[PDB]
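One chain is shown next in structure tokens, namely the form solved without the partner chain.
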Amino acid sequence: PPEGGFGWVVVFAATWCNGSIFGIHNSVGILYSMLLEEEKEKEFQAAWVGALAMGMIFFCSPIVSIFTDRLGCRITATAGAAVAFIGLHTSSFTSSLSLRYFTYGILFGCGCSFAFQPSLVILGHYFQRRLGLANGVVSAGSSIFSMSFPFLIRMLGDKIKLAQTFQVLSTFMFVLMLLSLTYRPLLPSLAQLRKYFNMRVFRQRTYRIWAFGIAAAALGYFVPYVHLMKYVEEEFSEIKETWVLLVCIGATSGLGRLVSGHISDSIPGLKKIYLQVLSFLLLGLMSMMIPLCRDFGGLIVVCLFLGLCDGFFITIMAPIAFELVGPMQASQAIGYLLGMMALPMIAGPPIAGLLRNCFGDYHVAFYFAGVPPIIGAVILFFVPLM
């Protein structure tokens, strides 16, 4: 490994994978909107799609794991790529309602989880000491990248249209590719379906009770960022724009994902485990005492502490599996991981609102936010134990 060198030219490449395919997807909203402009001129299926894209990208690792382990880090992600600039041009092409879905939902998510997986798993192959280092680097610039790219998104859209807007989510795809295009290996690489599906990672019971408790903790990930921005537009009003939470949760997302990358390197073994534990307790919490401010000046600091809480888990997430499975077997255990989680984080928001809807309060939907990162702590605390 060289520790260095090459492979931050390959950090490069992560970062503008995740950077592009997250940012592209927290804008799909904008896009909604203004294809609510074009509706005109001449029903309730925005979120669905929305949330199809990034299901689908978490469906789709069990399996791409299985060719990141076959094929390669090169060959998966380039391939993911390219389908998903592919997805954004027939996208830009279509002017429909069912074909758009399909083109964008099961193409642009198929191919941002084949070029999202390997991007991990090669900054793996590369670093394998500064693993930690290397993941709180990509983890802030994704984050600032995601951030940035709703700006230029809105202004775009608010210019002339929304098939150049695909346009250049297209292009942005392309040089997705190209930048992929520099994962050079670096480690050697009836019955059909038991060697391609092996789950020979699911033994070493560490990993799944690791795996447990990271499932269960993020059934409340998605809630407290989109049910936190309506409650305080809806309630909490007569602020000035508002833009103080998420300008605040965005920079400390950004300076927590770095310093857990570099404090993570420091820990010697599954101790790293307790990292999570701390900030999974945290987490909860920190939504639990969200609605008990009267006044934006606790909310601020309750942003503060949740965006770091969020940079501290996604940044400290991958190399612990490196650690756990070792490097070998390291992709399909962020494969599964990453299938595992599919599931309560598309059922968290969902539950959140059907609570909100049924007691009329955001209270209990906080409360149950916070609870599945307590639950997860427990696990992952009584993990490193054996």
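Positions refer to the first chain, counted from 1. So that the term is clear: the rigid core is the largest set of C-alpha atoms that superpose within 1.5 Å between two forms. First, how it differs from the form solved in complex with the partner chain.
- The residue among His262, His89, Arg154, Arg74 whose Cα moves by 2 angstroms or more between the two forms, once the core is superposed, is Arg154.
- After superposition on the rigid core, displacement of the C-alpha of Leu35 between the two forms amounts to 2 Å or more.
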Contents of the next structure:
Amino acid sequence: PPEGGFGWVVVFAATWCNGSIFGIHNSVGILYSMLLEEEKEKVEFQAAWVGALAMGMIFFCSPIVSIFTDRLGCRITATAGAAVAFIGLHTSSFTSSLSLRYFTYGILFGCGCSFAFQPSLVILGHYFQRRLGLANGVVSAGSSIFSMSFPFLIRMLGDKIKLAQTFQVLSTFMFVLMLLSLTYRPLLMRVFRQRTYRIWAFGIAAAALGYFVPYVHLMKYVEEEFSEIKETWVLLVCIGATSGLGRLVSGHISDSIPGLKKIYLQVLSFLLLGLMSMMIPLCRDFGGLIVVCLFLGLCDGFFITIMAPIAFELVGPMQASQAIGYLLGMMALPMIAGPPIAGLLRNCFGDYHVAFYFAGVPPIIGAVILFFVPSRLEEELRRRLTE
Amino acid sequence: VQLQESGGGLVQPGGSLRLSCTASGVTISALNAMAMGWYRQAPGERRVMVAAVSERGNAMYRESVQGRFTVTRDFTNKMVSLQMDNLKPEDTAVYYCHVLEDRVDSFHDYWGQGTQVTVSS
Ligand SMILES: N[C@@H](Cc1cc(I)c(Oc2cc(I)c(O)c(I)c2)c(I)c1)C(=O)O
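Now that we've seen the form solved without the partner chain, could you pull up the form solved in complex with the partner chain?
Below: every chain and molecule of the assembly, starting with the one above.
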């Protein structure tokens, strides 16, 4: 693998992909939150469920995307996914606040994004062997910057037009992504049998449960208990900014650690995440809460950026796609289950402390689980003792 | 890799016996990349691993002989000591020092000059 030269343009295209997808998701969610700000309607419960459904479909459809990628190729599947996403996002505008919006913006957009996403992770493997960590770090950092820039691009740099045309405007991004997908030049049911991969995937899935609770409830908590604050947009901006640097440095360092020993980084990350999450209620002064948010954002990147390189390490290149597909499919449920459970706890108790207390446990349990992943040599010793 | 088993002989039932040898023809650094262990072979049996210590320092046993068998590893001195207690007649066999070395998508299993051990009254 060149691990250089041309590969950079592929990295650029993948950055564009991720930035468009997650950027859109978050922007549309914020827009809906803004429409419900002053009016009961403009359906509330279903409106909230719509975004969750769209986000979930990305994780839920990964295995079938894996099959299609393996049997057709990264380029064709990526192009088809981009085309479907564009069609869905364009037609959603025609649907004027009707249940048709449910169907289109959920099914069409989610399935399109799911088709487009996984190849954006697989293709990099073909072009990087001794620097894949740095490439993934760069892709994540670029995508994060793109997402953080998207709302500035929409709200203030434009959006002089009524709300109905916002989807139409957003469509062009997916069209451009469809064009970019043509650059994925191809250079060249059984994965679960491996004990190591099974354990790792199960641990990650278990940790994933208490993941979105901070992002979804921090603002409400701060407003509830720190109304004296002028504005609380600072925390989210700071978390994103630190997450960018965390992702980049994590990708750069991951290549240093050889072999499976990379997993120890994830272990530490999880531990820190759990502790900080449990620590938010304690800190009773904003001056400390901001620092805790800083550290949370810093650990988030160290966690996210590493999953793909570890997968390639565990299963090799010829099976990375299927492993990633199954791993994402296994994360479908807990991520959705998290925030609603936190909300139920908040209703049951009233104070918001118990929500974060609960949210802090799953990552610790995940760290403990990952701590016991056997090494290859020990697998061989097991086999020997089997004979 | 060179090995020379020290210890063995006849023991009474319920007795104790300690085997140990120093890795030869291998450096400390190389050894730490290897798993030290032992092999059992009774008359007519095939040589089979019974105990070993991992790269990560973990000890692992064949559960049948666990407890009655014990292994400890001193990486500095390149020493692995196979302690055994509560010996029984079924344990009679020749035991061989072994080193497992990892290689590129492959492994190398080395053998020592085994020592006979018998358990009878
Ligand atoms: N707004 C959040 C949404 C999000 C979080 C995670 I955690 C995630 O899970 C993975 C799994 C693998 I495997 C990856 O290579 C990557 I990159 C992310 C995915 I998909 C999306 C974000 O943008 O992170």
